[PDB]
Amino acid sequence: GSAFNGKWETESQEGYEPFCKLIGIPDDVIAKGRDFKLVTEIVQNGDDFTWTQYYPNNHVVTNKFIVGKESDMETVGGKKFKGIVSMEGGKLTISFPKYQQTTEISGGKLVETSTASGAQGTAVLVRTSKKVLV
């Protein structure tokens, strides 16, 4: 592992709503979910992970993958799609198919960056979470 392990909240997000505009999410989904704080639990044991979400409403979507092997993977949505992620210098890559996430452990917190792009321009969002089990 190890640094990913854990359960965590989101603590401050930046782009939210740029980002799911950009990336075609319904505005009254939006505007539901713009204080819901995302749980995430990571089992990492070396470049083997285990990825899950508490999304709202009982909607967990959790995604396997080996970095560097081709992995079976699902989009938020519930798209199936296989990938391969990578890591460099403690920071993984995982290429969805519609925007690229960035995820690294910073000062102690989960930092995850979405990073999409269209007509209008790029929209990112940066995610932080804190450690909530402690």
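Residue numbers count along the first chain shown, from 1. Superpose the two forms; the largest set of C-alphas matching within 1.5 Å is the rigid core. Compared with the form deposited in another entry:
Of the residues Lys98, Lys91, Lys64, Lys69, just one CA atom moves 2 angstroms or more between the two forms under rigid-core superposition; it belongs to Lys98.
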The other form holds:
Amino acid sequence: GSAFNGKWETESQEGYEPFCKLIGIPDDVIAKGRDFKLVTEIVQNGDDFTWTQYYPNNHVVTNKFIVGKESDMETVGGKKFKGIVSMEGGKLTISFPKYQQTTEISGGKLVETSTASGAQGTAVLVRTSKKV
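Give me the form deposited in another entry now, not the form deposited in one PDB entry.
Only a single chain is listed, so you will not see partners or other molecules.
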């Protein structure tokens, strides 16, 4: 597999506001981040992925995982946990209580679909990134 390899840049976020509300991000912070454009850098070698995300102020998040094996996950908030990612129909999926993330290439583009659950219900964010 090589489909995911390269450098990607956010071009659209659909469902951004409802998703952010559901997960408890306050209003002024939502507005402060609607036009933020994330750069994602991916190195894929078979089942091994290195997944790098560039944030403001030289802040970087790198994830490293093998499909189907328990891996160490890392977060922008500086948190850590363990998870297991499947590869199903070209789609990378992590799934657990209250949260699902899928990432695929559709129409030559990196498409990240997140689904979070809460007391308000469920919200979906679709983030699309173009190749740079």
